[PDB]
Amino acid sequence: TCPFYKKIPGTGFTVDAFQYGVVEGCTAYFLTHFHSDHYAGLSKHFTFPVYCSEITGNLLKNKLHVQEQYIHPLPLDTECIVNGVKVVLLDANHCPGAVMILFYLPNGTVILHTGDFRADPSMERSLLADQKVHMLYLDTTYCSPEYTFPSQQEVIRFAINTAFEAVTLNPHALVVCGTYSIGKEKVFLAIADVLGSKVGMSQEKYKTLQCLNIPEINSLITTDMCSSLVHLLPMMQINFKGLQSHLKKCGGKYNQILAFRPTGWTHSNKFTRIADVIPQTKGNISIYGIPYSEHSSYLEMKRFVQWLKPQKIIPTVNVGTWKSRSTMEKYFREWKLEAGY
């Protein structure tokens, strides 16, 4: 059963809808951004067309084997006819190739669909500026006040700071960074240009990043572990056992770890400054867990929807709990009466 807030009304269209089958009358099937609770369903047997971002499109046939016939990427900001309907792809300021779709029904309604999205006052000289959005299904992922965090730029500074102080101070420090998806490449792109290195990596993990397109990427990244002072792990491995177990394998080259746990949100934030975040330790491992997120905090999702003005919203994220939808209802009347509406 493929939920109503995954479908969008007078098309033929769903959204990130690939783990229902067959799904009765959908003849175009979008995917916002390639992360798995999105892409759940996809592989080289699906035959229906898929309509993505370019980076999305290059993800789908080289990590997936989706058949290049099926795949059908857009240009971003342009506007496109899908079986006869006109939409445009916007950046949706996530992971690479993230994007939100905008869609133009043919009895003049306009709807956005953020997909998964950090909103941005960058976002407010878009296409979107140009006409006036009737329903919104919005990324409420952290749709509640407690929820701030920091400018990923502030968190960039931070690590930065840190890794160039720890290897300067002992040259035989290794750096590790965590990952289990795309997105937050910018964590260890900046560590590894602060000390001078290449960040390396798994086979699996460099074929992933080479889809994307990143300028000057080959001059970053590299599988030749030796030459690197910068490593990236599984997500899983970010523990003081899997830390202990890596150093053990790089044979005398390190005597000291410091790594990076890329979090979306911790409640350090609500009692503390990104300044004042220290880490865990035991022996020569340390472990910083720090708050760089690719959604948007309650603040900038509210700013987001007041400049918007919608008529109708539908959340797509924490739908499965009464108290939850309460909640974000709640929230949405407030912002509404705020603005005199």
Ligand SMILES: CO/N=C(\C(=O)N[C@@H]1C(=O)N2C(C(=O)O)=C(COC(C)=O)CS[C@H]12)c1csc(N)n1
Second form
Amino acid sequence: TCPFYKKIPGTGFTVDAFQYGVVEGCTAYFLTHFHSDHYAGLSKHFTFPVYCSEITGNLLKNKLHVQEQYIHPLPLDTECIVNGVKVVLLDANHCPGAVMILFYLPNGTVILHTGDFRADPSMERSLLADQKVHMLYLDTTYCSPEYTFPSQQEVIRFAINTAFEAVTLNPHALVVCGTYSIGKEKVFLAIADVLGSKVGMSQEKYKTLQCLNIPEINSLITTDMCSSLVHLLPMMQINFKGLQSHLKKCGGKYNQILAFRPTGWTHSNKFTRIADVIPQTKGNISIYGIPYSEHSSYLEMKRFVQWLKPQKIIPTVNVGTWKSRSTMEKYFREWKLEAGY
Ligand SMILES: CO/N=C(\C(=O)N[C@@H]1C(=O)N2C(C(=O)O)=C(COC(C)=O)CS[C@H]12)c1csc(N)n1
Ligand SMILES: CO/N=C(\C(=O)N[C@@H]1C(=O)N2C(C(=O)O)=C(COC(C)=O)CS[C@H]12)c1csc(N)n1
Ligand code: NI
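Could you give the coordinates for the form solved in complex with this ligand, as opposed to the form solved without this ligand above?
Below is the entire complex, every chain and molecule, led by the chain shown above.
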């Protein structure tokens, strides 16, 4: 049974609702981005129109084998008509191909569905600013003040400087980055760039990255793993045992691994007050937990919502418990009272 927050009222549209069979009344299925929790259910046997970004369409065609006749890629920042309703797709600042959707309802209402997003002040000076938005379907992943983390730029600076120093001190070191989906490509691409290396990876991951329209990416990635100083591994292998086993590969041409894992999103006086990143180390293997996020921090989310001033907010994340629903509604009310909308 499709939850109500996945249906757009006054339309026959659903958003990220592919695991519920045939949704009654749905004439178009929007997919905000290619993450498993959102595309769950899509396959080569889906026979309804899917509306998405071009990059998401590339992944649907090449990774899930969705038939081309049902993939409807839409350009960003462009007014499009879908089944009699004007829509606009905007970059969500999440993972490649991820979009927010503006719906211009026939009754004059405007709805913004953020998909998954990392709110940024740049969104306030975009075409989002050119009309009132009445209802907001909000990515509330980190809707609590303890969710603080640096800008992606600060985190990438840390990772680049850490990896460059380690490999320049020890040219026999290897950098490993963990991955389980698309997104956070900047981490391993930036490290490989500063090291003059390509990123070695599995054929399956290589295929995935080939779908993302990343400029000059043939110059940055390879399936020849031992020829590179940066390797991508499945996230489940980013542990001392998994990295020890990997070090035994490639003829043992490396004697050190620095691994990067995205983690560490909670920081407050209650829990992990110090945000400074220090690796977990065992012998010649170090694992850096870096707070690289592709969701809004609490402050980023708050700023965006107080700028947008929506009349109604419908969370799309963390609404499975009464505690989380209640806390989120308290924050929305706080934000509304502070900003006066
Ligand atoms: C900075 O690292 N943050 C991590 C992570 O990758 N941690 C690591 C890992 O695996 N380790 C193991 C391990 O491999 O078991 C041990 C235990 O070994 C010792 C010290 O003797 C200690 S923590 C380290 C993390 C955050 S969320 C998650 N799933 N992992
Ligand atoms: C308003 O609450 N509506 C719910 C509900 O309990 N919602 C939830 C929420 O948020 N969840 C997330 C979440 O937090 O992300 C996922 C995760 O989903 C995936 C597949 O990633 C699964 S549903 C649970 C509901 C669920 S089924 C139904 N008819 N109503
Ligand atoms: Ni996502």
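Residue numbers count along the first chain shown, from 1. Heads up, when I say rigid core I mean the largest set of C-alphas that superpose within 1.5 Å between the two forms.
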Only residue that shifts (Cα, 2 Å or more, rigid core superposed) between the two forms, among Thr272, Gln311, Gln280, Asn62: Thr272
